[PDB]
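A single chain, nothing else alongside it, follows as structure tokens in the form solved without ligand ADE.
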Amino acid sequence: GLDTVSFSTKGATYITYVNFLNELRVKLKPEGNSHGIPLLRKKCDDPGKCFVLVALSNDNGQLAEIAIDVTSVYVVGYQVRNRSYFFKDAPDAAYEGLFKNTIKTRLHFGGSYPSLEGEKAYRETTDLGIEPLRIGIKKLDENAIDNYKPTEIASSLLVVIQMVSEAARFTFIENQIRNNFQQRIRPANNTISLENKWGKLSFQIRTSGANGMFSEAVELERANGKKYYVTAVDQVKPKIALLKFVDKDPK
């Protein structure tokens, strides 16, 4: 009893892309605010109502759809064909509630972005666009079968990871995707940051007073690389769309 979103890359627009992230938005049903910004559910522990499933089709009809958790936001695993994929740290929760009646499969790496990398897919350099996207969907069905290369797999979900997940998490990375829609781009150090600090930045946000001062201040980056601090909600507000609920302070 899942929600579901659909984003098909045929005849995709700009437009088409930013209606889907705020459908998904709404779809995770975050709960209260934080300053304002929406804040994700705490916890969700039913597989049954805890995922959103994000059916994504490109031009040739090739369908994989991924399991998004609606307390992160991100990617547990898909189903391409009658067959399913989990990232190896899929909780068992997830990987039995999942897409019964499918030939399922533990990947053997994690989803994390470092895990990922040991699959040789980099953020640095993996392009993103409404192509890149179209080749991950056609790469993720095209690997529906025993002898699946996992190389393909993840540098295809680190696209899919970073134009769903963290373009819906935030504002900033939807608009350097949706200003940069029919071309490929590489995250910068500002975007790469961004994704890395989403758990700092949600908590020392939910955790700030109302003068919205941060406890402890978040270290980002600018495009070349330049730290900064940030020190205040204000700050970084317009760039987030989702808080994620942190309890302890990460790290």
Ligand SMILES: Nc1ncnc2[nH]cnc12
Second form
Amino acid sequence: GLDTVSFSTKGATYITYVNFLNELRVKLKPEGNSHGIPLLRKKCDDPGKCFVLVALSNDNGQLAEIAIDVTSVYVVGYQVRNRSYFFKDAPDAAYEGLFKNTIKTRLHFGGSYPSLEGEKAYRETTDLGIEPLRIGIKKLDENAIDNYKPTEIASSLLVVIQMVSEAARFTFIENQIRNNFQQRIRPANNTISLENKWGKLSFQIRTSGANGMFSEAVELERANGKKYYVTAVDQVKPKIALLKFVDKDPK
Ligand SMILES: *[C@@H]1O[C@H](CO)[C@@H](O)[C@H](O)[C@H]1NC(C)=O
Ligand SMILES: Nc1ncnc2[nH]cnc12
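Shown: the form solved without ligand ADE; wanted: the form solved in complex with ligand ADE:
What follows is the entire complex, opening with the chain shown before.
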């Protein structure tokens, strides 16, 4: 009994994409906020109501249903046709609890960015945009077989992970995509450092006082790699849509 959200690439526009992201942001059901920024639930372990299904379909009707964790917006697995695939690191509760009545498989690689790079999918060389998304859905469906190609699944999920999860977390990434929607673009050093620092930013923001000062600054990068440090909430607030609930200092 999960919540579901749909997005079709057929006749898709930058507007249908943004409306989709905001529908997802709502269904993740964050609880409360920190400094005005929505704060994702700290705990939600029951697979029966701790995942949101994102139904992605392309112009040809091919469909891929992605399972996303409501506490982290983490993609743990997906279903295509009558089959389901899960990242090697997907917890047992989810593997057993999600996508029942499907032929289940556990991928031989994790869902983290470095695990995906092990399957040749690198953020720096993977195109993002509506066409890259149509192709990703197409590939996931084409690989709804026993002898699937892990490199195709990895690159396709890398596109999905950033266009859905990262964009849902960061308004900055959402707009990099929105204003490049009908084009193919690769994330730069700015987009990549944000993606990498979501946890640290989330912890420093939540634990800061009314003045918003971070106890420890967070290093980010400009498009060209030049580093800069975020030392206050307001310095990054306009770039974030959702905050992760982080307990201990992450690192
Ligand atoms: C980071 O900036 C360098 C130039 O300073 C550039 O060559 C590189 O492609 C950038 N990283 C990415 C993947 O955007
Ligand atoms: N599988 C995944 N889901 C969501 N965000 C991610 N960032 C890196 N890997 C991810």
